[PDB]
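Participant: Chain A is already provided as a structure; the job is to place chains A' and A'' on it using the hints.
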Amino acid sequence: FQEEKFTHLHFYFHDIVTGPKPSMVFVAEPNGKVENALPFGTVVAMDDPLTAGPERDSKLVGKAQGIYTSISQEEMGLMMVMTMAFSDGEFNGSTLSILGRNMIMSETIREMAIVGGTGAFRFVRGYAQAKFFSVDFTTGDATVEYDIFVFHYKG
Amino acid sequence: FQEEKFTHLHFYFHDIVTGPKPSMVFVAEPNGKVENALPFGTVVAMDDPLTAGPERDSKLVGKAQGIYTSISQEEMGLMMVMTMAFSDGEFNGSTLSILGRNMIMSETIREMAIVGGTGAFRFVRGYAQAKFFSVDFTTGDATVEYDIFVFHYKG
Amino acid sequence: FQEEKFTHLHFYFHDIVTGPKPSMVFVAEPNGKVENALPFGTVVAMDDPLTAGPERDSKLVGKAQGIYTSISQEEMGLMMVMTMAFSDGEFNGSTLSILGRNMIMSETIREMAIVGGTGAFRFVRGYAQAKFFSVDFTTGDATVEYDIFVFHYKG
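Protein chains in written order, with PDB author numbering: chain A, 36 to 190; chain A', 36 to 190; chain A'', 36 to 190. A prime marks a further copy of an entry chain.
Isolated chain A (complex conformation):
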């Protein structure tokens, strides 16, 4: 391929459901609630911290902001529609966009396309691989390890 730059991004995504300041909010629950899962059709909006380490209080490097939707009638699976926006590193203000299926119950390493980027990631080509560091299905709290491989151009 012809891109001028390659970058490996590695960080941890936190969906914080419990506690006094959750990172998300239910947008729609057309099938109500069920224990340990999000019923088909549930939509959640997220403002989720991205950190350098698995720990919530490790260095904040960005936010994953968007919505996820429960899109499977047979198991819990999510559609992620979101940006990853970076704020304390080598591409402050730059973003990556994701529109990807996320089969959190049946795939251990989950691939999502990078469908766009801005700033340093204008015209980006790339992909993301997500895997759990920790998940509690009774509450929804999750810490998700991301590796993103992006090919892009001079800023």
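To be clear, the hints were calculated from the coordinates, so they are not data collected in a lab.
Mixed in with the good hints, there may be bad ones.
One copy or any two copies: either way a pair holds, since identical chains are not told apart in the list.
[Claimed, not checked] With a Cα cut of at most 20 Å, we get these calculated EDC-like pairs of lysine to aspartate or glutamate:
no., residue 1, residue 2
1, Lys-189, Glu-146
2, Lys-189, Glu-125
3, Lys-166, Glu-142
4, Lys-189, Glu-38
5, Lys-56, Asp-182
6, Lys-56, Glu-109
7, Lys-94, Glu-109
8, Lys-56, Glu-110
9, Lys-166, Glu-180
10, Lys-40, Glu-180
11, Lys-68, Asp-182
Facilitator: Relative to chain A, chains A' and A'' alone:
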């Protein structure tokens, strides 16, 4: 163009509204219901079978999973935000992403960009053409013929 | 880069909240209403005119159709999930897709990736820059200047 592989995909998308196990669910209906249409602002989540033939019981080849939104005040038109995920063929586990307008009342052949892909379709370039095989606007039941033309790389 | 065509698009986006025929509708308001802002998790569907000039009654060149979501807990910021569809110009029926963060309170020039296109914009590569012409946060009425730079191919 420079891609190493080309694939023509051809299948049928089923939005099943009637019957004992619909494939979709209303997420939001801010303008209620109207006969034979989805009012502006309506959002539906889908877990829609993709089959090799027009018949519902023909070979299941994947699922179209995501949301569609009624986005026109003047006619019924949809925005599709979804993945197509393939499960019984040459690219099991691979997906394609669509973020496209879908003017089901005023275009007979409807083009939607492939905005991303995974697995076999990592780094994909392509487009989809959709046209009705059958539609019942009084219920919403629809069978939609898809041709997708994708350019991609070795797995 | 290798594209055969380049096009500079310039137009004005109107989100019309006040008046007898708003261009949008609230889809979900999980955190209710607040003065001068859209609370985190709010989703709006839009059928927004695109015009050649800042004036609402200047030449209609297309529609921006999709949803925007309030995705920040700390300031008002939007995720745009939408198509721009053109109707009275050099690419009638063609569309561009956007999946981008839109930090309307903290960035004066806001970049969004073009994540796909159709028709004349099949296989497009490009980006959008948005900046206010006018905004009234007490009502939500906004006129937004867009420049879009797209690289594409013969039709």
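Participant: Which of the listed hints are broken here?
Facilitator: Checked against the structure, the hints that fail are numbers 5, 10, 11, while the rest are satisfied.
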